[PDB]
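Start from chain B and add chain A with the ligands according to the hints.
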Amino acid sequence: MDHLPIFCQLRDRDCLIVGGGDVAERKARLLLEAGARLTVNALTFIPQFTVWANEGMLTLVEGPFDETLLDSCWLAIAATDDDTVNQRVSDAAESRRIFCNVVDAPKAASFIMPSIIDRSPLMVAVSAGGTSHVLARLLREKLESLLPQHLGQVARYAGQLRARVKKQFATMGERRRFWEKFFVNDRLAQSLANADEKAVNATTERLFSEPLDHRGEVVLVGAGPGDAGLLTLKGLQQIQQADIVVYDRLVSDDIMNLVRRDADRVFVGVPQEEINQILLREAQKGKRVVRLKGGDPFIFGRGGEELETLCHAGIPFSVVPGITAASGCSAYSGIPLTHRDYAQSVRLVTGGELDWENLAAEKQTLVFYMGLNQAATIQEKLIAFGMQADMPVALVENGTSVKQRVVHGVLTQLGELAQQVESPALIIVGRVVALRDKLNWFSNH
Amino acid sequence: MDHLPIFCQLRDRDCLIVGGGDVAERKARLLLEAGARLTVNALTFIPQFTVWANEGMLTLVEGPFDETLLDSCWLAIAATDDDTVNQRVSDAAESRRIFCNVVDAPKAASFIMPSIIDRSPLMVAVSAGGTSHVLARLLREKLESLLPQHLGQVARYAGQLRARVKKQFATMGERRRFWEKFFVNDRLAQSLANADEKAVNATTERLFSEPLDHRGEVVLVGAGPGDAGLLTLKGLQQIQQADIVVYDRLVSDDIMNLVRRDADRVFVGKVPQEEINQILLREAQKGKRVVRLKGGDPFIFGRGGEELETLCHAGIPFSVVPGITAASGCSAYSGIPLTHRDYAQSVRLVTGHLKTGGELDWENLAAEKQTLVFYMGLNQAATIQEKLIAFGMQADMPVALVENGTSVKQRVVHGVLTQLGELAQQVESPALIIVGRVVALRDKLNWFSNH
Ligand SMILES: Nc1ncnc2c1ncn2[C@@H]1O[C@H](CSCC[C@H](N)C(=O)O)[C@@H](O)[C@H]1O
Ligand SMILES: Nc1ncnc2c1ncn2[C@@H]1O[C@H](CSCC[C@H](N)C(=O)O)[C@@H](O)[C@H]1O
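Protein chains in written order, with the deposited numbering: chain B, 1 to 269, 277 to 358, 364 to 457; chain A, 1 to 270, 277 to 457.
If we strip away everything but chain B, and leave its shape as in the complex, we get:
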């Protein structure tokens, strides 16, 4: 222990920042978020300070550092580019026993500012003694990804409720198991954040009526197309809380590596009815169920079918969208789905029968899902229905993954090019495909 972390209550307390440039602006922003009664003293100010001053948010004192400005101070920050001024600030603060930070000199004064993860009233702070700002930031990034955005809502609502939980639960063992379920109920958190009382109270005494061991729900989570970094923050959080993860072939190994160590896994890679009942069966055993699907759940994912099974049974559900194959393949192949006036619309199409005259019309970007089989037919029909034979085409196999393959050419070679790839692959047809020679940044295989 070389530093003692404390969480200061600054609301309406006088604090002083010396300095008026970009560094001081960042510290002022932070102290204002904490409700400090802030004075800023500097020889000159960048315009953000005059804005705040004109909105009554702080006081400005233009001129040399005046150590009487510390007279009723609780905290001081020296944020100038002048070592001599910063040392004058820290000496004047030290003689008054005012905790003081010198931004460019962590061992020069009496406190250092840690990296902060804010879920107020819940807060986390990280500091390596000031000798590793990159390390503290790498930890902040991990923590920001793991703490749900609305955790603070549930933290505050916990107090509004501590009495009722003591009278329905006698032992401290059951009370702890109640808090465990309460704080990971992200649905209650989101309902609190939405200010939706009908949803809030519907979730609340469902927590008091259900037995403590029951936590039955289904979350559909979009895994994205392959790259584990394309999972959403909320997707990661949900798969870290699942009792049971139901997945298939199109969820990548990298994503599955993120699944919490002791979750049960069920591989359904199998008619849809079997899958719908698996989710129902697992949810009615009272378990927190995540159905992980490749890409986005509601784009040729049959996610709607999985959810109507559950609405029937009174099982709570939610959906976390994911990066669909079109978006992932577009970004990683350097083929934007729109560009300038090239396309008035993007068409996401599955390979009843397709309306070929419609697909052939000009000023579209066509994106075929599950169309490898019909790729010879697609070429033949588009040409017969008037698409210019020189229309650029591309096929992206295993888009966003470390084995992504991109082959490209013109419409007359589509059935040719399709044999060079296997599923999962996308076919993109449109003038945007010509941009790849300028926008290609990801390694090809």
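In silico DMTMM-like links for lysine to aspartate or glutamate, alpha-carbon gap of 20 Å or less:
hint, chain 1, residue 1, chain 2, residue 2
1, A, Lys27, A, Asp12
2, A, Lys294, A, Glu180
3, B, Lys142, A, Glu144
4, B, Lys142, A, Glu141
5, B, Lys167, B, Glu205
6, A, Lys107, B, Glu33
7, B, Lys142, A, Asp262
8, B, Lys375, A, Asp367
9, B, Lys294, B, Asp262
10, B, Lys294, B, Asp264
11, A, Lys361, B, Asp348
12, A, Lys166, B, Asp83
13, A, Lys181, B, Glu141
14, A, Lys142, B, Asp262
15, A, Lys361, B, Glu374
16, B, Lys142, A, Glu180
17, A, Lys107, B, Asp12
18, A, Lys450, B, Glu312
19, A, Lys294, B, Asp22
20, B, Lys375, A, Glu312
21, B, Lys142, A, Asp186
22, B, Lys450, A, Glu280
FYI, nobody ran anything at the bench for these hints, they're computed from the structure.
Below, chain A with the ligands alone, put in the same frame as chain B:
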């Protein structure tokens, strides 16, 4: 934020604890480890306070509270079981502008003491503000299984190298590139943990020897439609490490709160497009890691292509992190799947604002078995209704408008196609128009809110 966390240097600074029971003993142990010059003022003391004052580790003042004991103090802790005494302490500390903790009353006084995870010199502090003692410990447990124990040795070694890093790398940019390699070298971490000095030195000399890439970079990052939970892990990594973030009005405040606190930020909401291109170009040429943070997905009606197409000729590295486009986010959060069973053979993402005297291909857009999603089409909703009808879309085709989709302020209105124009007057931008049979599924699949 409720509180500002700070990490205080207490070495040789006077602190006062009032009270002498088990609570006071726990706080005194903490202050003593931090190097505080400690006085403890109490009517009675439990035995542990006798062992400490025998070894000269603190000063005991046996008796009622003496507020003059605060006169030279930097921190005060009120740890009696007498609320009247605790409040006299906190009043006396407040008059002296001394940060003061009242252990049994976290909402009183002026600082709270967090739970600590110790990987010294690395430290992680957690508190819920006293609103919930339980949540802190549940979080504390998770964070300990997350932070390897040898993280302290990595941090310790970094502190030792800091002078040499500062001497050999003249700019903050070069130093940052070194540290980013240092802190993810798993072999160095293992050698430190094993006290293998030859292996430490071999990897260290190689790290110092590596030529650094002084080129900047432009990364286009899809922020998603608003809910900060819908940023990708890679997009969070990019904004947590950017030098400068160029962003616009359709990037939500919650996502902006995830940006590196130290990054410069340039707002280009209403800046013309060719000037955005120049900002990214010149900032990357200056060697900075630039993030262009865009609403939704960068390559769907986001002009991301225009922002990139100068860069390869300029020899400036770039990449793209895709994001959740408005269609996908609004779909999920409104209960309206974009595809379902035989309802749609395709999803059409259409712009409702055209350049020139441009006309959409209404005959093509009116076809059956599709879900139409119009972006920036609010001003055109009356025209969209009339044209779709005139080219034969059924008059009772369901429609929906999602305003601020995925945000806590999201609003959804719905009806049939002959109501589209009037429905659009009920929302404001940003809003998506969804046209198609899948809109009827909302009453079954809507989970997010009814506002
Ligand atoms: N990584 C990937 N690269 C290219 N195409 C992919 C892909 N992952 C899925 N696909 C496409 O998606 C089809 C499965 S249908 C499932 C689509 C998914 N819900 C999504 O939103 O993307 C595959 O046949 C293939 O055409
Ligand atoms: N949160 C949101 N809710 C509803 N519509 C949104 C939205 N965010 C963006 N939009 C739509 O997107 C249009 C801007 S065009 C930029 C779209 C972005 N690249 C994307 O992929 O989503 C807006 O006019 C509005 O129609």
